[PDB]
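A single protein chain has been omitted from the complex, and every remaining protein chain is retained in its original position.
Naming follows writing order (A, B and C), and every chain is counted from residue 1.
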């Protein structure tokens, strides 16, 4: 009747063309799943279902979730499906696992998300039946399937900047949040607050010692307000959104081991956390950046809780302006938001981020002596999802 | 509270480059969803979730389930996700909807699947970071993401012929099943047995009046054993699988409206069917054609039923050899299998087929005065899914 | 000290994607060369040099002239080079052969041109070193290398329409010339005036009798002023140039056998024609359509002849407006211009047209009892070439 989280692991997040560029999305998923199973002390052969999110499926091959499962050493006999809720994919994987466990149909599920935006292909839409004559387009699949609205063709970053302008969020407020996101991510790394959650990625090397990637690539200790203030708007000349106050494109994987509260008791397992509730809302595509505060308010109404009952928040930083506006919409103390840093500093590997923020939330709550947390994420197409957890 | 099915609708299935070539997958999904809502007498704004399957997501744009929902006239405020379980996607959308309704989290869900194999793009894996020198491959995304194993690169048709050979299923038995599949589909079309389930597709033209597609394109009244016996093996020169005794590539959409049994009773609705139970199994990728008989045997074990308790079966005809072998494994009377024809005749629009066979099963049971049916489908990667329904 | 033409042959001209679509440019060249050698009664092994024009060389393979030579049965021991003077390529092949013969370095040369605009590839300019991110272009090589200015990117048809507007050539005058070009080409075919020059193309057929293409595909007996007047401008909304009063894209080959006047006497050969003189001029790229009248005036000044000394003209119909304006610039009786039709009706297979108009000129002069002719052609990049011949 309730689902517990036994474990939660994430790869470091790599920059576009960076540290993880030679690692497939399914291999990043595999690494995070394998670490999650080891930390849970759960046998790969006892997993009943693998539910995994990824957005840019084109060119990843049949059922990417199954490739991630096999790369983790989960046997062929374990069922799986791949889910796509754009930026929310990795979080909806976890909330679907919760719903299936709650039916009693399964009691042990691996859920999470992966993305290698470095490795997305280019596509040709007219090569099958023929262009016949005239120049046409060769299409960046990250842009076509992940970063632009299927209805308007408008970049997600244009919508982020339109919402910041309508919310009255200044360029300077966005840059101050970007600075604090970097400084919190850098401090979290240096002070050992990401050592527990991260599973390093080992990349075999011809020349000698393998490359071990153990640190988030994108956070910068030398970030300053003065440097951020010099950047030009990146999606729209009239706007306040820059390369500095919004995440770029990234690579990463994250995974959680979920079990029914009953089975966990029977096996003498101490859960990392309990899933208390989740909810999702949907709006027009252009309003997607507004959804995290709305999803939190809906989840508080559903659970009969208020904002003061929550110890920590993770709101995925799709734009600095989203963190800022969600604060005002939900009445959140910013000191309780994204306390180890967020996507502006860390990156937004879109199919992974929903799972990545839950991994981060669990460890941040544990670091602060446990309590109630909410993870909330907006997604392309106009959705918002939120999950409430208790860390003991 | 069990889940009931209020309505079930499908487009006609088109041939590759055929009658539905100018229609997007998401538009075929929209047409099926809108027909299912009208037949259920359900307002589009009362839908609480859309769960939709599609396999070749590359180039379809952000979250294709959302595109299909909007094309049906479902408002922005309705949540959605896109699921990928290769050939089983459209059936897993339905069984996930059943699981979510059984939690009480939602009471009214649209589920189904879509595919436009005619409109899948070509991809370039090296165009992003450069080929540097030497010739390389321009890749058919139906082949890369749908029709070849992610682990070996082997075509699904090679695995179908390998299993047919190991099962001792002759070329002649496969051609006989292919012939009966065509005769049954042609007879169903001619005798009015697909009129109820089909929603015609209207295609506006660059010239005069719109073209109305109201019939499955692939079944052939002129099918003969003589022609089938002359065809060459298509996937492997030593093998028994041909273009005639296996489906080719296809386009189509299918959708069902699901409601809690309690909400249906509350609104005074007469359900079209009840979902009794479902299960899934998984094996090594190369064994995928063996799964439908095993999924059926597992589902009977789970429900404490025997093969004699089931009135009709729909086993997706991934190969004629899968229908034949599944019959032996589950002990099925072939007169109760695919009685209005199956994929060898009708086609295999991969992300839609799992929903399409449920739509067909429901109507085939209604045509015999109701009863208990099982729909079972194998999928790329080595999975098998089965659902048991009751039609009143 | 003078060059004679022993023979002159051309394939029919095919429409884009039409009758010759399955024939490579080098095979069209081969067919025209082989016919020219047969009609000259010259052994393939006695040819000393092959000079062949083609504009869209990309994807044709190493030295296309050598492929055409070998397809004609000319042995490996015969030297060759491929020339590119855009639309003038096939004519400059012949005038270069004249210059080489005049040195005494060679005495027997095959010259002409070929083009298969049906078979030109598409290209990717960034796939080698990588697009990195963002959408880019897949490029029609006919557009990039043949039909647009290398300096401005402007289509040749935009320049044609700007020159017609500045010369004061009406839409109605252009349509009247297009009508007369069609009616003259249709009459030439029906009345046997193209039977001598054409070598049919034989395309082998699985099903039975081969396809023999023996007729120019594009001329239309049902062309009318009323039909032409309804077309919309095709390169530029403000312009008078349409799909009807300018050639499209085409396929074809043409070839001439050239010999020194001395060797022809020694071998007892009756030349078809003598090359008297040639010249070329160059202007800015946008003024290319002006050049044919200027080239004719320069060739008359060079030879001490006047317009009344010339019996027949061939001016390649790059636009109907070019034929009309060249008439006024050179003082030409239109009754002596393009008398068997021209490119508006027949097509413009760009690397062949310069050779094709010389083939046509020779046979038209022969039909009218011999005399002096000039062939003149404008070319992309701003050039004009003219050659004066005598048919005995």
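Criterion: a residue touches a chain if its C-beta (ideal position, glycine included) is under 8 Å from a C-beta of that chain, and two chains touch if they have at least 3 such contacts.
Engineer: Would you mind spotting which of A:2, A:39 or A:128 touches the chain that isn't drawn?
Structural biologist: In the complete complex, the chain left out is touched by residue A:128.
Engineer: Of the residues B:139, B:199 or B:374, which one touches the chain left out of the display?
Structural biologist: B:139
Engineer: Would you indicate which residue among C:10, C:15, C:34 or C:85 is in contact with the undisplayed chain?
Structural biologist: C:85
Engineer: Under the stated touch rule, tell me which residues of chain B contact the chain that is not displayed.
Structural biologist: Residues of chain B in contact with the hidden chain: 16-17, 122, 124, 131-140, 142-144, 249.
Engineer: Which parts of chain A are in contact with the chain that was left out?
Structural biologist: 124, 126-133
Engineer: Touching residues of chain C against the unshown chain: what are they?
Structural biologist: Per the touch rule, chain C residues meeting the hidden chain are 17, 21, 26, 55-67, 70, 76-86, 89, 92, 96, 99-100, 102-103, 105, 119-125, 127-129, 138-141, 144-146, 148-151, 280-285, 379-383.
The definition used in the following text is that only the chains that are shown with their structure count from here on.
Engineer: Measure off the straight-line distance from the CA centroid of chain B to the CA centroid of chain C, and report it in whole Å.
Structural biologist: Roughly 56 Å separates the two chain centres.
Engineer: Using mean CA coordinates as chain centres, what's the gap between chain A and chain B in Å?
Structural biologist: Chain centroid spacing, chain A to chain B, equals 31 Å.
Engineer: Of all the residues in chain A, which ones touch at least 2 other chains?
Structural biologist: Those would be 17, 122, 124, 127, 138-140, 144.
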